[PDB]
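The chain below stands alone, shown as structure tokens; this is the form deposited without its partner chain.
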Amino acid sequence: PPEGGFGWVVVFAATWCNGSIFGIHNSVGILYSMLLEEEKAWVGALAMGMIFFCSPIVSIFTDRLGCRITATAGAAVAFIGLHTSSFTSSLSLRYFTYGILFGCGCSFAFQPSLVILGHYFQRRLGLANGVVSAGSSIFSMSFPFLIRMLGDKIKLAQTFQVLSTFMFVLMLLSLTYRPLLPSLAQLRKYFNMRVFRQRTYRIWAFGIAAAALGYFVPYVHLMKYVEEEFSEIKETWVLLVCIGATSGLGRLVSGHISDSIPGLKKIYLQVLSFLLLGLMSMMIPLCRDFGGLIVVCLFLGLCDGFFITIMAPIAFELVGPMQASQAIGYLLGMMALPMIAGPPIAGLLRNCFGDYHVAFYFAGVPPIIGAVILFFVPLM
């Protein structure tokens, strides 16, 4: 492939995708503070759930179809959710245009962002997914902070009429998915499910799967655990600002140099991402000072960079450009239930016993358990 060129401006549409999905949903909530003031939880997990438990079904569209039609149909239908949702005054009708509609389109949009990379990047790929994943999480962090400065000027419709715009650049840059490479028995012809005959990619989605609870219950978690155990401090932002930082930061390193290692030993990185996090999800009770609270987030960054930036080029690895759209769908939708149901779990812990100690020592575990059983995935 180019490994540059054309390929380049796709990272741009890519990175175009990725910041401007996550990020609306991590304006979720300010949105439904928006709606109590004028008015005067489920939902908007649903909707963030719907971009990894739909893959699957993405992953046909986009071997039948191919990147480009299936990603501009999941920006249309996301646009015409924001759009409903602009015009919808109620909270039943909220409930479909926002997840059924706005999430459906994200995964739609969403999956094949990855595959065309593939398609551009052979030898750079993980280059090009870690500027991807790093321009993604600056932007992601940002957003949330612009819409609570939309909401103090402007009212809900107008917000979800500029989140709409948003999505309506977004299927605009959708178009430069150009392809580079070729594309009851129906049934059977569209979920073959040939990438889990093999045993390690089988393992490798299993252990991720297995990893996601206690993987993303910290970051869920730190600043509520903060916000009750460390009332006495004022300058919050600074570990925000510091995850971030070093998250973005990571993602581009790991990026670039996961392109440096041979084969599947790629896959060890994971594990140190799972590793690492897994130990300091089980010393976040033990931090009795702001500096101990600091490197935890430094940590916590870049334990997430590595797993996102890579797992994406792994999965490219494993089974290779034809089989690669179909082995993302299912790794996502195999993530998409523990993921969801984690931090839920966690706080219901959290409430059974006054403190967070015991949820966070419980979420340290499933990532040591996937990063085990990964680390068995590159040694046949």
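For clarity, a rigid core is taken as the largest C-alpha set superposing within 1.5 Å between two forms. Positions refer to the first chain, counted from 1. First, how it differs from the form solved in complex with its partner chain.
- A 2 Å or larger CA shift between the two forms, after fitting on the rigid core, occurs at just one of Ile203, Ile233, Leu175, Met149, namely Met149.
- When two forms of a protein are overlaid on their rigid core, residues whose CA moves 2 Å or more are considered shifted, and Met322 is not one of them between the two forms.
- Once the rigid core is overlaid between the two forms, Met339 does not reach a Cα shift of 2 Å, moving by less than that.
- Once the rigid core is overlaid between the two forms, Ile57 does not reach a Cα shift of 2 Å, moving by less than that.
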Second form
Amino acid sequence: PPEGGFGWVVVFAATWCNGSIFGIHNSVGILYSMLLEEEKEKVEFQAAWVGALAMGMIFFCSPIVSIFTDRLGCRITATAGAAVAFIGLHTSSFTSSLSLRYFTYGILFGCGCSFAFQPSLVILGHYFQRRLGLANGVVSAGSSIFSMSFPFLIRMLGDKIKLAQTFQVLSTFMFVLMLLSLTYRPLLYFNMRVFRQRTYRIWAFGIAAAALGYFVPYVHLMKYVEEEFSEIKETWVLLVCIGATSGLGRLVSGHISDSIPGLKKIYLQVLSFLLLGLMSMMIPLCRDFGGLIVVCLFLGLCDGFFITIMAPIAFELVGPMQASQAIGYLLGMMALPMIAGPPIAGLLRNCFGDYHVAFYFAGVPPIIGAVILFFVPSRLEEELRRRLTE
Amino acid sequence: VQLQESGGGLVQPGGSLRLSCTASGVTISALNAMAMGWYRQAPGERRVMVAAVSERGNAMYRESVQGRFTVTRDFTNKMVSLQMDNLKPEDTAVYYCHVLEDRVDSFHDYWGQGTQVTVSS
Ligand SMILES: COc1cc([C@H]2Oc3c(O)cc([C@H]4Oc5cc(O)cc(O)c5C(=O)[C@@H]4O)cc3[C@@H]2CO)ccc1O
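Having seen the form deposited without its partner chain, please provide the structure of the form solved in complex with its partner chain.
Entire complex below, previous chain first.
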């Protein structure tokens, strides 16, 4: 593979795809909260369940997207997904109605993002083999910055325009992504062939187990801060710190992953899970804002060291031909626990009156996942076990 | 890689025996990326692996020998030691020193001179 040349425009296209998807998903949720306060219901739970469904569909539909990829091609799959997402976002502008919002936003836009996402991960492997980690790190850092830029943009440049035109404005990003998707060019049912490998099966199970409690801090820290030592007026600093540290850590992790040969890359994820679990369990104990600022940096570092490295490990495990199915099923398995977590944290908060127990319980699943990942068989160990069994 | 020294012994039931040797025809650096193990073949039996040492040092054993025998490796010396404790008549069989290497969608295997181990009362 070239490991460069034309691969950089593809890197730019993938960065645009991820950034636009996650920025829109984060921005719509923020917009809904303001309108909820401004206007009374005319619903309470469905208002957040619609956003939850839209976010979760991306991961839930990945296994179906993988077969469409393998059959048609990354370019066609991404173009179709972008077109469907554009149609959904444009149609969301219709008169307010919970029933119509459910369909138009959760299903159409969610499935469009699902179809547009996985090909963005699969495509990079066709151009970068010796520098795939660096490519993924660049893509992830760009995605982080782009996603962080969305609310900071609209909250000022919206000019207090009604919610109706925000969807029209946001649809342009999907249109431009549809145009950019043509840059993808090729260079190389329900069979479940991938699950044969013990290493892949254990790795996917461990990641799924960790995902249950992985995302609780990133969702509830900004609201626990407003509830304890709320006197701090600079509470928005933590979000910027997390975003910048996540971008830097994603880039650094992407660069570092290239120097670790073979399946030794899983040790980075093991260390990330251990560190995140310990930090989440500690969060309740910190009583200094200047200290919590320190915890935010480690949260950002762990976020990168976990997210950025998944695709290269999939390529290492299952070669280049089965990477699409591997990634699709990994996302499909991850889909449910990450949606289940934060709701359980909120239920615990309602029950107990504070987030201490919520963080204590969120700290465990990451440690369990780290323990599970610590025992992934080695390449020689698999053959030794086969010989001993035969 | 070449396995040369070989060994063996004879004991009564409930006895013990030990084996240890150094390989040849390979550099220590290359060998450190290769695993070591022992094979078995009693009269009328197929050749199967009984014990081995993995790249990370994890020792693995077959059911027939697991729980009685133990294996150790000296990475720098190119040596692997097999300790056979609580031997029994069924343990009588020929054993061969074995080495394995990892390769792209394939492996490289080596075999050593047969070693004689017998148990008789
Ligand atoms: C509805 O409630 C929930 C909300 C959330 C949010 O918290 C995070 C988070 O910590 C990290 C991501 C990254 O995820 C990725 C996963 C991949 O496999 C590959 C990737 O490239 C990425 C990225 O680039 C993204 O930066 C996304 C999000 C969610 C909001 O966007 C989680 C669980 C919930 O249940």
